[PDB]
Structures are given as structure tokens and as C-alpha cells.
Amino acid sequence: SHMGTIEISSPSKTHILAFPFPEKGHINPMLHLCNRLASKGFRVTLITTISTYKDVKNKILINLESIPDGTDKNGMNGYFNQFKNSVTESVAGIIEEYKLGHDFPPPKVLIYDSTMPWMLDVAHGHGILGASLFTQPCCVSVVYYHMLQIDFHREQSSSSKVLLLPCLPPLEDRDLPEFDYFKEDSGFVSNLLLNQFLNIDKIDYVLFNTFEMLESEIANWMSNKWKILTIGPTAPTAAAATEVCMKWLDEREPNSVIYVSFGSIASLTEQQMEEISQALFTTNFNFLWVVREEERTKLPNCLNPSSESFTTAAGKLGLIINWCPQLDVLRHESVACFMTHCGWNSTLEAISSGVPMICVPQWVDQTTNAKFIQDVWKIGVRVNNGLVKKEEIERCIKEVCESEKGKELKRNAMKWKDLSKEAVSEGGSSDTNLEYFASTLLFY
């Protein structure tokens, strides 16, 4: 009971590495997760490609490392095999660098994006743990697992099919993840999502950016087969909480603005932009529409400039800009509704902000997300297509923003916002699940 040495394993001397897929909808939830882990006292190193480096630097507590992009921006197949080979070697080099250094503790775990399942082999090959971060809901993820293991081929010209899977609502053909859009790349993109599950039984921690109450039935079904950890939303709560948009919104009336954004990847046709634009210039609401630089040329002729300001045909005001801080915009009192492509990150940010949506999904998980938004969570409405006509967009805007049903959708969205806040506050399922991840890292 005298003489000896105590050894203490604590967050302050535990080093977590994190590597998102290089897209903003994958980067942002990873980055918020890193901030939460650093708040518990962990040493956290975020790794990202050099072309996404500056964006991450502006948003950040967190040690940041760059790696080569590993791709040429100009075929989908050649894009991937060279990406995988490049990032495998560069992340491997980072792991050994920190294993041998003295400023940081050696890495204990790599958190990697679930679409990059070969990074589990990198982590284990270097003697560290691997945590797969799914930036998709449980419901659509299970659909990919079933596809990996029922006939998901559809003709749909000759009949309609409705698919029943355990602990999911019936899925019509338009509710399935959309891969046919990619034409000759359809099997490739399909494989990328299906292969998230190739090694799931070997992953040390399976992390989902969702919260248990939002997906109770399917999350339990998953939790029995695998010990999944729902840890979302990773973003800070609205309660707990980039200049141009905020100044404009501050000058608008409460609940007066339709916020419009189709994400950083989707590219709509010229005709589709014209339909959206004509609906927006004739509604009874103000609008804020994010259109990336490269997408500007597909706007109608009558409307290069980074931003443009409008008085609409109905006497309202509009702003087109290249970029905005979406979570701050969604939590601005001026915003009435969110016209969205229904990517999961955007969908969950809207849920955590209490904003109802007009769903205009384009591909992969966006269609399934739209199904759940309209019919399960009941916080939005989905357009009917495949060009969506201005009269159909107008119809959904009036339903969400003007009608009594719209008032119910808003109430539902405020309910789900409070439940998302419950999840990540002390005692909530996501706070509990994230502390389980953090604390067991200290044992291992």
C-alpha cells in the first residue's frame, strides 16, 4: 500500500484522427463531431484533401492536416480507383508520423467516412481502431444493406412495385434510392453505397449522424444486428448557438423567406432552373437562393456575378448568392421554409432548426429522404415530377407557407427540433452514445 506507479488514461492524452469524404455534406458532420470530441478534452486531428482544406480551416481546438486530392476533377470509375490509392497511402503516412512523434499522443482510432470502407483496413493495418461514420439516416442505409444481401430491379413501365422491408414503411418505386440517374455509372455509384456494409462486422464503432427518436423502429432493428451508435445531430443545437446573407435576412420580416438550395453537388438542367425561377419570382414570399458559380450559366437569360438582388413580380425581395452558412440561415427567424434536394446533411440540419421543407430530390438517398420527410416525420411536402413544373413548385410553396396544413408541418418540425435537442443534451440517447464511444476509447 506504499510505492508504485499509477498510469492514467484520459481524453487529454488520447488522439483521435478523423477523415471525411471530400464533399461538404460529408465534411460538415465530421467537423461538428470533431468539435464535440475536442470539447470532451480529446486531442483531435482532422485530415482532409487540399482542395477542401481552406473551407475546413475557416469553420474551425482541432489539429488540421492536409493530403493530396488524389484525383483530377475531369470518368467516375477512374476518379475512384486513383482516389482510393492516393488517400490510403497519405493517411497511412499521417498515422505513422503521429505514432512516432512527441507533440501529440499516438493515434488511438481513425474515424473515416462510411463510403470509404477500405480505410478500416488502413486503421487495423496500423494497429489502431476504426470508426465508420455514416452520414446518412438509418432508414436509407438499411435499404443499401438489403440490396447488398430481394429483387431491386424495376421495369415500372409495365406495372408498379411496392417494397416491404422490416421496420420500414412500404416503399414505392419513387421512394427507393435513385441510381438510374447516373446512366452508365449506375452500377458504380450503387456499389459505392452498398459497399459501406462489406466489412460491417469488423468495424470497431459504427457511428450514425441521426438520433434514436427520429428512427426508433429501424435504429433498434439495426442495434440488434450491430451495435450501432446514433450520435446525431453532430451540429450544435440552436439553443446552444457568412455575413452577406445574415445582413439581408436581418432586414426581412419573420417567417417571410423561402430558403432555396440544392446542395454543392447537384446540377439541374436549364429548363429545371427556369421552372424554379418563375415560381420564385411570383410567390407571396421573399427568397434566398444559393446557386453555385458553375451553376449560374444555367439560370434563365433574363436574370458571372457572385450575387444578385431582386424585387419580384409580387413585390417581394430575393437574393441569389454563391454560398451561405446554411445552419445559421436555417436558424434565422426570417426563414419560413426550405426548398431542398433532401441530401441527408441538409435534411438533418433543417430538422435541428425546425424548418419545414419542399422536397425536390434528385438522386441516391434524396428520394428516400423525401419519402420520410413527407410521410413519416411529416415536416414537408414532396414535388411530383423528370421536370417539375412551375405550377407544381408553386403548389407546394402555397401548401407549406400559406395553408393550415403548412401550420401543422411547422408544428411537427418544431416538435422534431426539440427532440433533436433532447438527443444531444445531457441524458439524451446521442449524448449517451457519443460518451460510450469516447469512454471506451480510454479502456481499449
The other form holds:
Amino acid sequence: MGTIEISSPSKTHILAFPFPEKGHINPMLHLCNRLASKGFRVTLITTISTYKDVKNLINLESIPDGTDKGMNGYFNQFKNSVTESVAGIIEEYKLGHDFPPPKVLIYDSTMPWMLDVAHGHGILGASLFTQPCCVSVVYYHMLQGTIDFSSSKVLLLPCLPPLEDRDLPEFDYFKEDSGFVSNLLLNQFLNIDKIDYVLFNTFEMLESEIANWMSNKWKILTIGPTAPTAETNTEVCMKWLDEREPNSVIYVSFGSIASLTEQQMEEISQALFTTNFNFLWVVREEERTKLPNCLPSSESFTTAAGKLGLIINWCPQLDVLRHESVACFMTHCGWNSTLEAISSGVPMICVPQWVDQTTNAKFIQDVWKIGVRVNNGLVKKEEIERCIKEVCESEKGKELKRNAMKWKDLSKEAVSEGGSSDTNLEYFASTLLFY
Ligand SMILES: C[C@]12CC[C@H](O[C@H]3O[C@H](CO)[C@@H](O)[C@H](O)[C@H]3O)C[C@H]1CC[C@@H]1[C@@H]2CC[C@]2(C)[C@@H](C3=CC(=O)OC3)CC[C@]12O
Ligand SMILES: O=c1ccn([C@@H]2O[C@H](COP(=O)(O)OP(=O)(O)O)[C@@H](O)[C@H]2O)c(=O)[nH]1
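If the one shown is the form solved without ligand UDP, what is the structure of the form deposited with ligand UDP bound?
Shown next: the complete complex, the earlier chain at its head.
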């Protein structure tokens, strides 16, 4: 005689709150699906403006965007507003009757003060880093002042390859804002010893040495890629790709924020309109006016080489990357783009722009050996064409593609049963249930 209590995922309530930007929303969202696939109740909290895009099982809550229409004023208003409204949501659910009360807030690692919201409301806090281990450690070392950041400089950090100046995360691009952006990334570590779960969207084999190094300081859980293994304009892009030859398309995307200069846009244009390959070039709506005048939701071309090109304002990038028609990825090397390509086996042309893109480029070409970085800071048509020849028209290109298929298989192994990422995510979920 007596009573039994069962803690299952279905009675455990996970809150998620990403920073409102696609390279932060996207990997959170994938992780919420995986967690829901594991039976938990998952509520994704998101700003009202991102709510729409996102809105197109997983619970969805909206909060006020909390930001009048510079980087700094926007951020302090944001910090202030979302601190209040997320704290309010947590309390809403603690009294609710439908859902279970929340056990843990997963928050983007660029909002470390959300650990205080979570703890200060008596729930666990899980920090999701949306960048690899190797660049995150650089931010930590800059935070610590572990080293000094007519001569060139090379930095030697434990468990990392030598880093040239150009290999460091690029903050100076932001000029008077470099201090804010740099602060934002280093402050990911202000309370690292206090975070209940430290999650990294990466997989162990990709960053063995530095991941183990961070594991001996912090019980970090590498859990990526969060995206599934084998979006606006899906049907359009797949139709066009379905009708191209295999291994014939150069996929070109510079992410969701970066915006190249008129001159740089022209360098790329001339390289792609004269190359021996088809091309699918994402050019965001707001960026379209920076195109060469010689060229609206999409545009179809016959290139001067007699090939075919499609300019479009947004695509399902993951599905493009996994289409047999894609030869290579010309990318700005944001970490989501880099990891999606890794998990798809697509070799890469690296045109890094700022923050962690420069360091990702370093690793893509020199550590993982799955792509080439362009040399500058304007990048000339001729330099783009050299890199296309390297990656798509050369025996080197062929080894690069082999390298990428090896990393893709390792990536699929990591998130499959008994994979290192599958283990870590199961460690997250199982301990969530513990008394
Ligand atoms: C600092 C900021 C936040 C990070 C954003 O993107 C990153 O996402 C990935 C991490 O998961 C990386 O892999 C990507 O390489 C990286 O691009 C972009 C950077 C830089 C731009 C600024 C955001 C934070 C918001 C920001 C301040 C917004 C803003 C502009 C302004 O004048 O007031 C507000 C818009 C972008 C922004 O400048
Ligand atoms: O046409 C596009 C271009 C980009 N993306 C997605 O937007 C994210 C971009 O994140 P990333 O870290 O690569 O760079 P950021 O945009 O933050 O600078 C990735 O998940 C891409 O797959 C997309 O869905 N469609």
C-alpha cells in the first residue's frame, strides 16, 4: 500500500528563448523539435516580430519585441524588456493548469542575464551557444585577458591551431560598435561556472581537442548539429534544382545579416555569370538594389557560359545543401551555414565577413580541409574564379569533396543512437527528470 510518482518527458516543461536573429532562432528551433520528438512539452518563446516568420508539436509564445525602431540602445531596451516578459511567462506557467510548470529555460548564450531570470524564478538554466567550440574559447580567453589581443601577430592558445590575425573573430568591422559586439560575445562567459547546462551546437569529433579541453573546465554538452539528418521559396528552389545536372550548381549565400558593397556584388556577379557552373545565389530583398544595374522575388538567367542561374531572395538552405545538384557552397561562413554544409558534405568557398566567420574560415580550409578561403577588403572576380576552379575543377577540389563526405558521415554518426551528441542530449533530458 502506498503511492508512486513517475517523472516522464511528457510531464516536463522546457522553455526556449533564442536571440531574435535567424542564426540563433534556427538552431534553437531544431533543438526544440528534437526535444519534442523525445516527448517533452517544449514552449518556444520568441519576439512578436520573429513570431510571424517562425510561426510558419511545439508550443509557441510571443513576447513584445521591446525595442523602439543604434546597436546599444536597441540592446539595453531589449535586455530590459525581455527580462520582464520572460520572467512573467515563467510565472504564468507555474500557476497554469494545462501545461506542467517549467523545469528549465534554454536561453541563447548571448543573454547570460537569463540565468538570473531562470534561477531567480527557481528553474534550471541551459545556455545554448550557437557557435563552435574553437571560436567560443577565443572569446573566453579575450574575456580573461589571457593574452595580448610593423609586425604580424600569431596567437597560440591551448588546444587550438596557431591563429593568424586574420583568423581571429572580426570585431573591428563594426567600427564604433566593435566594443559592443565584442562585449556581447565575451560576456557569454561571465557566469559559465553557474550555468546548469552548457549546450554547444557542434559535435565532438569535429572539435575533439578543444571540446575535451572545455569539458575539463565545464561540463559542456556538445549536442549538434541540432538540424535533422537525411522555409520561404521551397517549392521554387527545389523545382529549379531538380532540373539541373548533378554536381553542377554553385550555391551562394551570405546569410541573413551580411550585406556586401555594390562593388563586391559586381565582382561576384561577373564571376558567376562567366563560370562553367550553374548558380543559385540568395540575394535578400533589401540587398537587391546593390546588384549591378545590368540585372522582384527571383530572376532566371542564361549565363555567358551558357549555364543557368537563379537569383532569389530566400531559399530552404538545408535542402539546397542536400540537393545532389549542388557542387559547392560560396558562403560567408556563419556557423549555422558552415555546420549545415558539413552535415551535407558540401565543400565550400569561404568569404568571411565578421565576428566568428573569420575563425570558421580558418577551420574550414586548414583544419577540417573542406574548403578554400578567398584572399582580399575587396575580393576580385579573378580571385573568386580561382577558388571555384580549385574547389570544382581540380584534383584538390576532389579531395575537399571527399573530406566533406567523411565529415558528413561523422556528423550523422554523432546525432544517431550512441552518437556523442545523442548521448549528451540524452544526458540533458534524462537528468531533467531526476529528483
Ligand atoms: C551582434 C549580432 C548578433 C549575432 C548575429 O549573427 C551571428 O549569428 C551566428 C551565431 O549563431 C554566427 O554564426 C554568425 O556568423 C553571426 O552573424 C549578428 C551580429 C552582428 C550584427 C548585430 C547582431 C545583434 C543585433 C544587431 C545589433 C541589430 C541592430 C542593428 C542596429 O543598429 O540596432 C540593432 C541587427 C544586427 C546587429 O547589428
Ligand atoms: O536563403 C537562406 C539563407 C540562410 N538561411 C538560413 O539562415 C541561417 C543563417 O545562419 P548563419 O549562422 O549561417 O549566419 P547569420 O545569418 O547569423 O549571419 C542558417 O540556418 C541558414 O540555413 C536560410 O534558411 N535561407
